Amino acid sequence: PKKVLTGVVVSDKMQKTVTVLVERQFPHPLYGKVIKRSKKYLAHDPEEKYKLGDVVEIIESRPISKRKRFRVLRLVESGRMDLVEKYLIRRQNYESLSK
Amino acid sequence: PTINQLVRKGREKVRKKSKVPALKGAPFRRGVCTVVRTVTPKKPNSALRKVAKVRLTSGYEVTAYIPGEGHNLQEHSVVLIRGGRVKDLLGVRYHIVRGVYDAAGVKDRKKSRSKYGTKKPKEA
Amino acid sequence: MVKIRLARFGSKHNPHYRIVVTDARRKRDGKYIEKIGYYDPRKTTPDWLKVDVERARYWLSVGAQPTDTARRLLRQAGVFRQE
Amino acid sequence: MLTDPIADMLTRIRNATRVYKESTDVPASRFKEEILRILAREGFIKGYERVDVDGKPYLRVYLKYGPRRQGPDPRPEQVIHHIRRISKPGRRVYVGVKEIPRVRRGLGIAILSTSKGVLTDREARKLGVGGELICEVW
Amino acid sequence: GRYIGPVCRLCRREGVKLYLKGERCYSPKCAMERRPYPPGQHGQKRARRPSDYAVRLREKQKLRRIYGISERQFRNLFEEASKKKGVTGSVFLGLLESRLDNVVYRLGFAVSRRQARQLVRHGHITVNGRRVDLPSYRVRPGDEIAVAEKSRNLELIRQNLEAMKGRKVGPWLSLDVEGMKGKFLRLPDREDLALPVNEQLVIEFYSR
RNA sequence: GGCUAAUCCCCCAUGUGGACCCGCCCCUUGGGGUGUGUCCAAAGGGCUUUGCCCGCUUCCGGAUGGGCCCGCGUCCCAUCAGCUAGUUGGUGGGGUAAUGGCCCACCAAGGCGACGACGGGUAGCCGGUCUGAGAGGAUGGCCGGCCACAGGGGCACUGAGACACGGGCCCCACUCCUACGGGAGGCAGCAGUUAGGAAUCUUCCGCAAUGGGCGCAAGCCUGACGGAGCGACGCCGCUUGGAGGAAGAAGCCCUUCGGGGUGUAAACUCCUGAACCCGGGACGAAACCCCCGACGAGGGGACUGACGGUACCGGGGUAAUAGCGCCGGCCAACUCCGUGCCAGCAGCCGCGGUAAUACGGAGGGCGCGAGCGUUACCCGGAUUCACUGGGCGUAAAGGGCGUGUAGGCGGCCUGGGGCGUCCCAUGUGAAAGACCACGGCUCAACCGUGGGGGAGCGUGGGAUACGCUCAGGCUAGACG
RNA sequence: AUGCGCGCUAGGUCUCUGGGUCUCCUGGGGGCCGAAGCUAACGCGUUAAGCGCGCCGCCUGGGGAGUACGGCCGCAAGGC
Ligand SMILES: [Mg+2]
Ligand SMILES: [Mg+2]
Ligand SMILES: [Mg+2]
Ligand SMILES: [Mg+2]
Ligand SMILES: [Mg+2]
Ligand SMILES: [Mg+2]
Ligand SMILES: [Mg+2]
Ligand SMILES: [Mg+2]
Ligand SMILES: [Mg+2]
Ligand SMILES: [Mg+2]
Ligand SMILES: [Mg+2]
Ligand SMILES: [Mg+2]
Ligand SMILES: [Mg+2]
Ligand SMILES: [Mg+2]
Ligand SMILES: [Mg+2]
Ligand SMILES: [Mg+2]
Ligand SMILES: [Mg+2]
Ligand SMILES: [Mg+2]
Ligand SMILES: [Mg+2]
Ligand SMILES: [Mg+2]
Ligand SMILES: [Mg+2]
Ligand SMILES: [Mg+2]
Ligand SMILES: [Mg+2]
Ligand SMILES: [Mg+2]
Ligand SMILES: [Mg+2]
Ligand SMILES: [Mg+2]
Ligand SMILES: [Mg+2]
Ligand SMILES: [Mg+2]
Ligand SMILES: [Mg+2]
Ligand SMILES: [Mg+2]
Ligand SMILES: [Mg+2]
Ligand SMILES: [Mg+2]
Ligand SMILES: [Mg+2]
Ligand SMILES: [Mg+2]
Ligand SMILES: [Mg+2]
Ligand SMILES: [Mg+2]
Ligand SMILES: [Mg+2]
Ligand SMILES: [Mg+2]
Ligand SMILES: [Mg+2]
Ligand SMILES: [Mg+2]
Ligand SMILES: [Mg+2]
Ligand SMILES: [Mg+2]
Ligand SMILES: [Mg+2]
Ligand SMILES: [Mg+2]
Ligand SMILES: [Mg+2]
Ligand SMILES: [Mg+2]
Ligand SMILES: [Mg+2]
Ligand SMILES: [Mg+2]
Ligand SMILES: [Mg+2]
Ligand SMILES: [Mg+2]
Ligand SMILES: [Mg+2]
Ligand SMILES: [Mg+2]
Ligand SMILES: [Mg+2]
Ligand SMILES: [Mg+2]
Ligand SMILES: [Mg+2]
Ligand SMILES: [Mg+2]
Ligand SMILES: [Mg+2]
Ligand SMILES: [Mg+2]
Ligand SMILES: [Mg+2]
Ligand SMILES: [Mg+2]
Ligand SMILES: [Mg+2]
Ligand SMILES: [Mg+2]
Ligand SMILES: [Mg+2]
Ligand SMILES: [Mg+2]
Ligand SMILES: [Mg+2]
Ligand SMILES: [Mg+2]
Ligand SMILES: [Mg+2]
Ligand SMILES: [Mg+2]
Ligand SMILES: [Mg+2]
Ligand SMILES: [Mg+2]
Ligand SMILES: [Mg+2]
Ligand SMILES: [Mg+2]
Ligand SMILES: [Mg+2]
Ligand SMILES: [Mg+2]
Ligand SMILES: [Mg+2]
Ligand SMILES: [Mg+2]
Ligand SMILES: [Mg+2]
Ligand SMILES: [Mg+2]
Ligand SMILES: [Mg+2]
Ligand SMILES: [Mg+2]
Ligand SMILES: [Mg+2]
Ligand SMILES: [Mg+2]
Ligand SMILES: [Mg+2]
Ligand SMILES: [Mg+2]
Ligand SMILES: [Mg+2]
Ligand SMILES: [Mg+2]
Ligand SMILES: [Mg+2]
Ligand SMILES: [Mg+2]
Ligand SMILES: [Mg+2]
Ligand SMILES: [Mg+2]
Ligand SMILES: [Mg+2]
Ligand SMILES: [Mg+2]
Ligand SMILES: [Mg+2]
Ligand SMILES: [Mg+2]
Ligand SMILES: [Mg+2]
Ligand SMILES: [Mg+2]
Ligand SMILES: [Mg+2]
Ligand SMILES: [Mg+2]
Ligand SMILES: [Mg+2]
Ligand SMILES: [Mg+2]
Ligand SMILES: [Mg+2]
Ligand SMILES: [Mg+2]
Ligand SMILES: [Mg+2]
Ligand SMILES: [Mg+2]
Ligand SMILES: [Mg+2]
Ligand SMILES: [Mg+2]
Ligand SMILES: [Mg+2]
Ligand SMILES: [Mg+2]
Ligand SMILES: [Mg+2]
Ligand SMILES: [Mg+2]
Ligand SMILES: [Mg+2]
Ligand SMILES: [Mg+2]
Ligand SMILES: [Mg+2]
Ligand SMILES: [Mg+2]
Ligand SMILES: [Mg+2]
Ligand SMILES: [Zn+2]
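Residue numbers (the authors' numbering), protein chains in the order written: chain Q, 2 to 100; chain L, 5 to 128; chain P, 1 to 83; chain H, 1 to 138; chain D, 2 to 209.
Because the hints were derived from the structure by calculation, they are not lab data.
Honestly, I wouldn't trust all of these hints.
Stated by the list, open to error - A short, non-exhaustive set of chain H residues, derived as facing chain Q with CB atoms under 10 Å:
#1 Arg91
#2 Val93
#3 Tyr94
#4 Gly96
Claimed, not checked - Simulated restraints on C-beta separations:
#5 Q:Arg25 to H:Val97: 17 to 27 Å
#6 H:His81 to L:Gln9: 28 to 38 Å
#7 D:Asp190 to L:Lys23: 47 to 57 Å
#8 L:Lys20 to D:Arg49: 39 to 49 Å
#9 Q:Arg25 to P:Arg25: 39 to 49 Å
#10 L:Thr6 to Q:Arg25: 42 to 52 Å
#11 L:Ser116 to D:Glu192: 13 to 23 Å
#12 H:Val51 to D:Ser83: 54 to 64 Å
#13 L:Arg15 to H:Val97: 29 to 39 Å
#14 D:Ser83 to H:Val19: 41 to 51 Å
#15 Q:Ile90 to H:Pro5: 24 to 34 Å
#16 L:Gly63 to P:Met1: 53 to 63 Å
#17 L:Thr6 to Q:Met82: 24 to 34 Å
#18 L:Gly88 to Q:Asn94: 51 to 61 Å
Just so it is clear, CB atoms sit at the ideal spot from N, CA and C, and this is done for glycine as well.
Input sequences plus hints: build the corresponding full structure.
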């Protein structure tokens, strides 16, 4: 089966491309708690269809670029921008913690 | 430690340090003596103990104890190193293997002969 | 080219052979597509050869080739008999 | 805030019994009502009823104890010698039907919560289903 | 090779009689009459209570010493019986009593257990008609232990057998006296067995 | 510079079919069909030559082998915190079997990072192994799978397939040849030599077996392989005798001078018969080939051994190797003598400066036994990194205090969803190993046959308590 | 030498401070004895060191040493 994942598109800036964001819960292999990790998938938007804070399915594909292996299947939920403000701010925090 | 705390940091699996750089990892190492001394044990005992400083095949240099009663070791002898320390002699982590290369088994010792390198006594 | 032959599974002086399908290019004794029988030379057992034709037939169908020894064993067990 | 509520019922009971109270009020929910149904049925508590306390509804659990004793310390043997939570918030436990535990060699239970319901151990094993393992008791 | 040397000594050491001597380890010479005390000079001297270790030890000692086994074989046999399904002490004893040489003793072809080893070794012993010279051989019940037709006539063999007239043999066997063959019908049991040994002690010895 | 053959190279021909641009239908990423238009095939050889075999060409399919891609898993240091220029995406392009910054031009300015990016250190990874009650720790030698390298670095060519260990070009180090110009090499293939090291084998036999290349075969090749040699390196089996035999010979040890000890141990009596010497003597091996039938099937039917005159069978036959550690407690085993803070022992506690069960011998004892000790290393013990399974008033351990970001965690009721969770089904979990069962070598070690298990992940179906989520209520928390 | 939050588990006694029907009861704070329980002991004990759940900080033999090197901060002192 070609794999599908679901995410929120956290940034669009790229020509013809959106970056989606996919969480996975899963139990931890020793401590056993359920832990929740995420990954950014670079996914191929041919039409500039999908916008920021849109929640989409991503599907394994024939490679588009380096780093772009996935295309955007369909729109699940339109406009949850909290998720975005989250990722946005998680990254706004790197601004601290250095020198 | 909570469990959140245990995932986000998690236990520290403790290393250890090898009480013997005969090293290379090896089980014995060949060396050549420098000084062959006679030394003064730490506080609780009293004695005179025979040890040799030794250059190793490892580019390494240590004092090594000479087990057994009598020994033939001069400053240019070649010798095999055993490892194991003596509690009461400051600085010595390694023993000497009698019967091997130059250090020769104790004359006349009839008893623990695997150690001390001596052969078996002849019989009539 | 895919083949049907003997691989050596016994011990020293005590051979036993797995009659197996594999590519000729693989080693004698390593991974093989399927085990279709066994052979015992010293014949130390009532059952020293076993086959399961229908399988061996299937392979010959798609064109693996036997050894001479393998084919010997096979026909012996009657892959080939058309009566 | 009550943080694990079920653990707090289990605890309201634990404390109650060690001081040998006749009854105890624990604040109320369907899931706790279930947890109790099993206790009652299993012999740990006498039973329980729901009550309204300044309008906020509770449940009196009513506790069982052994008979009185001899020599020093007459205090009757405990019926729930212990009761302990298992899946707690923030570390959760789930068990496939083939991991469901044998409690004190069977002389006690383990409440499992399942897709099929809230059950004891013999209950699920013979029912054939797994779940989130709430606690154990002897 | 196994322990070659004064035996009635170990009779003395385990303080009990494990006859490894055959005849006369019946007739009152085994020295366990009038010298039951242990070997050496202190054998006469008083005994200090045994560490729990020592206890375990010398009971396993008896169990082995009786059979003349090496420890290597012994302990391998044991762990082998730990694995085997069901109660280990009994299982074990079964596996020991199953030893060919032992069976040839039990069946009364030889006087000692050890003389009997010699017997297997030179293969005056046959099993189901095929000769076997291996004292470590595992007899599975239903097997039939015969003296070997060649040596049937040997002075020593009919010697034992003549004194073996009418004597009963242990119930997991059967014998034919004049025909020298006899069959091993079952693995024997704890009760089915003499043995002057607590086996559970031995298990505890391999606990550690 | 000249000669000539071909299954070597080239041009027309035929087009079953196929390639390609453009149209159309279906399909849905470049899958399939289709219609015109252009382009593309081939080699002959052997026979008993009128017919067969060995080949050749285009195409469709099968099969086995692989290329590339994705989810997830995969050591240490945060005293490594920022990293990034083909770097991130885009059009068009080159390359390839094929997607791709794989490469190029041009355009945009992105991409990654405390969920550890960048950096440094170590490291082939896995099946499995060892250890552990388990969870887990440790490891990856031999056997199997995959990777990578073939003196160091770069690069292509040939080809179905390589960027190629016994192919090639170039730079570099080293060795050897050198008419001083210039050349020749590449055991991390089997043996072997040298060095280094604590240490690691024969410059053997053989193509008989199995496998592989070429060949119509006959056959040739094969340091794959199958054997033998070497070394207690490990595992398993086996011998150094059995029964009798003293109220217990001498010697050696201690004595309370009565004796206790070694100890049935020996001597000797009887019996068996390791080694060893004659005689037979293998399976491993029926195909390829041979004839019948039609070169099928089927049927018959002869050659073919390295190991080896070894295994084994039958025959005769001799009492025929014992060593090592330990004996103060942990720990099974005790006494005199000798030494006198010495000589020494020692894993930890710690012995020895006069009566030492600790040192050095002897007698006796315990443990193992063709072994037994030592050292190194790993797990264990060690619940001493505590998931199972620890702690923090005084023992090590609560941050000087707060605000609050990420993050973790979340009252009561109802309903939708079914992401976690659970169950069923099935796919996968190669073989070896591991467990069980019978079996094969006299047993075992070793081997074979069969069985069963299995976390995890793919797929389909189902459950809805708890967890999540979406929608709606509540007021016991919180705020007003 | 006792991180914050919540629920739960005899009393007694002194006291500060609101409300009450003000022998007293009822909230909120400070002490002392002491159920159960905990604790190596001392002690703790509704102002837990009890019973629980959540989250953060921290520990892992003594000395070398809060030293060395690195980094960060600071005018220096010297801090983390
Ligand atoms: Mg955009
Ligand atoms: Mg692109
Ligand atoms: Mg930044
Ligand atoms: Mg291959
Ligand atoms: Mg009711
Ligand atoms: Mg648990
Ligand atoms: Mg058992
Ligand atoms: Mg059982
Ligand atoms: Mg019976
Ligand atoms: Mg054990
Ligand atoms: Mg020319
Ligand atoms: Mg051509
Ligand atoms: Mg043409
Ligand atoms: Mg056509
Ligand atoms: Mg088309
Ligand atoms: Mg032509
Ligand atoms: Mg094809
Ligand atoms: Mg294919
Ligand atoms: Mg593929
Ligand atoms: Mg494939
Ligand atoms: Mg990863
Ligand atoms: Mg590693
Ligand atoms: Mg540093
Ligand atoms: Mg660049
Ligand atoms: Mg492109
Ligand atoms: Mg190419
Ligand atoms: Mg991440
Ligand atoms: Mg490694
Ligand atoms: Mg490396
Ligand atoms: Mg295991
Ligand atoms: Mg194990
Ligand atoms: Mg590893
Ligand atoms: Mg591992
Ligand atoms: Mg490897
Ligand atoms: Mg390998
Ligand atoms: Mg692979
Ligand atoms: Mg290279
Ligand atoms: Mg080299
Ligand atoms: Mg190279
Ligand atoms: Mg090519
Ligand atoms: Mg080719
Ligand atoms: Mg290529
Ligand atoms: Mg290469
Ligand atoms: Mg080469
Ligand atoms: Mg060249
Ligand atoms: Mg050297
Ligand atoms: Mg070899
Ligand atoms: Mg061959
Ligand atoms: Mg061949
Ligand atoms: Mg021909
Ligand atoms: Mg050749
Ligand atoms: Mg070989
Ligand atoms: Mg052995
Ligand atoms: Mg005798
Ligand atoms: Mg005497
Ligand atoms: Mg005497
Ligand atoms: Mg004779
Ligand atoms: Mg043959
Ligand atoms: Mg034959
Ligand atoms: Mg034939
Ligand atoms: Mg041939
Ligand atoms: Mg013909
Ligand atoms: Mg035929
Ligand atoms: Mg034939
Ligand atoms: Mg021969
Ligand atoms: Mg003979
Ligand atoms: Mg003799
Ligand atoms: Mg002792
Ligand atoms: Mg000693
Ligand atoms: Mg003196
Ligand atoms: Mg003295
Ligand atoms: Mg003294
Ligand atoms: Mg002494
Ligand atoms: Mg000692
Ligand atoms: Mg001594
Ligand atoms: Mg002795
Ligand atoms: Mg050893
Ligand atoms: Mg350890
Ligand atoms: Mg552990
Ligand atoms: Mg443990
Ligand atoms: Mg814990
Ligand atoms: Mg666990
Ligand atoms: Mg602790
Ligand atoms: Mg203090
Ligand atoms: Mg402190
Ligand atoms: Mg402090
Ligand atoms: Mg504080
Ligand atoms: Mg938050
Ligand atoms: Mg809730
Ligand atoms: Mg689901
Ligand atoms: Mg399955
Ligand atoms: Mg398997
Ligand atoms: Mg195998
Ligand atoms: Mg058998
Ligand atoms: Mg096996
Ligand atoms: Mg499913
Ligand atoms: Mg529902
Ligand atoms: Mg619901
Ligand atoms: Mg709401
Ligand atoms: Mg705390
Ligand atoms: Mg008070
Ligand atoms: Mg008032
Ligand atoms: Mg108060
Ligand atoms: Mg205050
Ligand atoms: Mg009390
Ligand atoms: Mg406590
Ligand atoms: Mg108090
Ligand atoms: Mg509290
Ligand atoms: Mg330290
Ligand atoms: Mg320190
Ligand atoms: Mg300071
Ligand atoms: Mg500094
Ligand atoms: Mg400054
Ligand atoms: Mg200061
Ligand atoms: Mg300064
Ligand atoms: Zn006796």
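Open item on the list: Holds or violated: the 29 to 39 Å window for the beta-carbon distance between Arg15 (chain L) and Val97 (chain H)?
Closed with: 31 Å, holds
Open item on the list: For the restraint on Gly96 (chain H), tell me whether the closest CB of chain Q is nearer than 10 Å.
Closed with: 13 Å, violated
Open item on the list: Range first: 42 to 52 Å. Now tell me if the beta carbons of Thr6 (chain L) and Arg25 (chain Q) are that far apart.
Closed with: 22 Å, violated
Open item on the list: Holds or violated: the 17 to 27 Å window for the beta-carbon distance between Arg25 (chain Q) and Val97 (chain H)?
Closed with: 26 Å, holds
Open item on the list: Against the range 51 to 61 Å, how does the distance between the Cβ atoms of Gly88 (chain L) and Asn94 (chain Q) compare: consistent or not?
Closed with: 56 Å, holds
- [ ] Given the range 47 to 57 Å, decide if the beta-carbon distance of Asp190 (chain D) to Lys23 (chain L) lies inside it.
- [x] Since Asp190 (chain D) and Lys23 (chain L) have Cβ atoms about 53 Å apart, the given range 47 to 57 Å holds.
Open item on the list: Given the hint of 39 to 49 Å, is the C-beta distance from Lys20 (chain L) to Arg49 (chain D) inside that range or not?
Closed with: The hinted range 39 to 49 Å holds for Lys20 (chain L) and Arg49 (chain D), with Cβ atoms some 40 Å apart.
TODO: With respect to the beta-carbon atoms only, verify the hint that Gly63 (chain L) and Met1 (chain P) lie 53 to 63 Å apart.
DONE: At roughly 57 Å between Cβ atoms, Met1 (chain P) and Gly63 (chain L) fall inside 53 to 63 Å, so the hint holds.
Open item on the list: Taking 39 to 49 Å as the stated bounds, is the beta-carbon spacing between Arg25 (chain Q) and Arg25 (chain P) within them?
Closed with: 41 Å, holds
Open item on the list: Taking 24 to 34 Å as the stated bounds, is the beta-carbon spacing between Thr6 (chain L) and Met82 (chain Q) within them?
Closed with: 32 Å, holds
Open item on the list: Can you tell me whether the CB distance of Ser83 (chain D) to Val19 (chain H) sits inside 41 to 51 Å?
Closed with: 49 Å, holds
TODO: Identify whether the interface hint at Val93 (chain H) stands, where standing means a beta carbon of chain Q within less than 10 Å of its own.
DONE: Because about 7 Å separates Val93 (chain H) from the closest Cβ in chain Q, which is inside the 10 Å limit, the hint holds.
Checked against the numbered hints above, the structure violates hints 4, 10, 11; every other hint is satisfied.
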